[PDB]
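Okay, here we've got a single chain as structure tokens, the form solved without the named molecule, with questions on binding and movement later.
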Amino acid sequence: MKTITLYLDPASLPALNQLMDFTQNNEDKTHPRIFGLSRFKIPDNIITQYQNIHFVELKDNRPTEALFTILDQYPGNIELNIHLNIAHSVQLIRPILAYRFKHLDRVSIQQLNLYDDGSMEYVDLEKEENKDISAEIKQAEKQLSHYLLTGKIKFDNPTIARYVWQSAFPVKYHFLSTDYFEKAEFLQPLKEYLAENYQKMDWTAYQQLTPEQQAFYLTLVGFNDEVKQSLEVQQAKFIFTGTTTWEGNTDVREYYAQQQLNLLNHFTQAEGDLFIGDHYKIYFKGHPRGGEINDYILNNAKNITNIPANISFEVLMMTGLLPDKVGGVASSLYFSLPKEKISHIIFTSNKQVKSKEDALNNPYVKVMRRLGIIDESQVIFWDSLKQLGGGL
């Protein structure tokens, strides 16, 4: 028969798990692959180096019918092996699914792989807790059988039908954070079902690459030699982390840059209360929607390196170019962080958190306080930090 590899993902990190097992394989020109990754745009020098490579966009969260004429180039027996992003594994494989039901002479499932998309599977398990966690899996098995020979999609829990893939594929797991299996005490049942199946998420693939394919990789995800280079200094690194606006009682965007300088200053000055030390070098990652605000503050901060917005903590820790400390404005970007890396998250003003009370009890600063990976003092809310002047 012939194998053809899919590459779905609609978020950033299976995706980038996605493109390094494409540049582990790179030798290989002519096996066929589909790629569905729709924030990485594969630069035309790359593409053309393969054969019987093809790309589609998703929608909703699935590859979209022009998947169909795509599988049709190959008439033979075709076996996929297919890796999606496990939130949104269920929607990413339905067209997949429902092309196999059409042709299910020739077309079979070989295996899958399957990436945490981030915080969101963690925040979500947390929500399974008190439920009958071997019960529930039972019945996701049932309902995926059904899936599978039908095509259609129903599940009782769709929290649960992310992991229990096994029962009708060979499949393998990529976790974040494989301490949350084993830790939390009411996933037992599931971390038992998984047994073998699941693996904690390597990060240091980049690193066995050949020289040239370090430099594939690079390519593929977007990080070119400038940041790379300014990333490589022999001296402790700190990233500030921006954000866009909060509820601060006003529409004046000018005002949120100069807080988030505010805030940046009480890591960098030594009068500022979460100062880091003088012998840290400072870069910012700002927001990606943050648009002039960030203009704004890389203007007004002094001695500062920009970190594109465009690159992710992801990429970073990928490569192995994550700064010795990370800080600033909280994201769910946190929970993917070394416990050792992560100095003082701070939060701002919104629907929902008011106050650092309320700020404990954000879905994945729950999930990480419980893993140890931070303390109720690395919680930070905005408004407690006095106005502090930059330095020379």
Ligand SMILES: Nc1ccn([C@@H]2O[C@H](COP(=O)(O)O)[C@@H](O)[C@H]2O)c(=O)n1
Second form
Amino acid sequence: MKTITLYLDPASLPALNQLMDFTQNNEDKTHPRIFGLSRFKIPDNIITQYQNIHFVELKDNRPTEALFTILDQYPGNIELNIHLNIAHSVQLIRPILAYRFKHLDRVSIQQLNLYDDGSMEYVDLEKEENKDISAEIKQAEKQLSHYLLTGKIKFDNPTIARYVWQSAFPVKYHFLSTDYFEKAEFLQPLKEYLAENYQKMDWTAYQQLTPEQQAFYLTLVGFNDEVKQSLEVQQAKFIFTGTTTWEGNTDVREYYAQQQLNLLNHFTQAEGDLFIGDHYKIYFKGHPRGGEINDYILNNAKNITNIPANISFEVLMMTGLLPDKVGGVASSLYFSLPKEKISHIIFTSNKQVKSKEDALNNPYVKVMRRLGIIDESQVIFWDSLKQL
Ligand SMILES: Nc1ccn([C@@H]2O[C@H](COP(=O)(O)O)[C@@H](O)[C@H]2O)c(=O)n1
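Pass me the form solved in complex with the named molecule as well; I've looked at the form solved without the named molecule already.
After this comes the whole thing, all chains and molecules, with the earlier chain placed first.
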């Protein structure tokens, strides 16, 4: 039987891990590979190095039916080595289990590798507190059992269903926070249930790659040598997390850019409330949708290094190139940063957040403070920061 490897993810972190797995196996030029990574465009001059390499789009967290037309090209007994986003695993595997069910004679699942989307899985599991988690697991197993007949896609508990894959397939989970599963008491029946099928997400695989594969991976994730160069400076590094706009009582976007430079100055200037030290090299990490606001900040900030807004923090962590300190406007990205690297997280105004107390009740901030990742004093409501 032929193994076909499937790499599926609508988001970023699983994809970045799956592109790592491909890099690790990149000497194999003809292994059947199907890439459904919505956010990553593999360059042609990588693709043409390979054969039996295929691409499928995702629509609504599911590969399209063009997936079947690819799999049809492989008429043998085939087993599927599948890589998935955890939060979206059910929808992603839907069309795959359909192809399986439609060809039970010859198609089997070799194994699953599942990676956190991010803060989402953990914000989701918090909502499950006060449920009988043992009971929820068993029901979801029961429903999965009836489902690789497709007599199911009605999970009573969509969140817990993400974690019963072992009842049917060999699986490995890669968790952003194993500390959460081990320390959330309500999740003890799930922790124990999962036994040896989970591990902490590795951030170090890049370190064990060859320099050739390291360069390969940087190409896969669109991380050029000049940005890399900037981030290897033998000096303390601070990275400011930029944003778009908020409720500033104006729709003049330049005002939001200006304000963000004020926020930056609170880290970089001795007068600022959150001054990090004179010895820090300053970087700006713009929001991906920041647009011309990122252009404004760049053009009006002195002695800063821009890190292209399409470069994610997850890629900085995958590559071992995360700064000494991260600070600035709140984003879910902070949930996955090492505790010792978080300086101050600044929440701007919106419908939900109109104060520091509001910001301390942010769903990912709740997970964070529970895990001891941050202190309340690290959470700043933007209005308490004076005009410099
Ligand atoms: N400065 C920033 C702000 C957000 N981001 C990323 O962009 C995405 C959108 O962030 P928000 O949901 O906070 O608007 C997040 O997934 C986060 O990883 C970033 O890479 N740099």
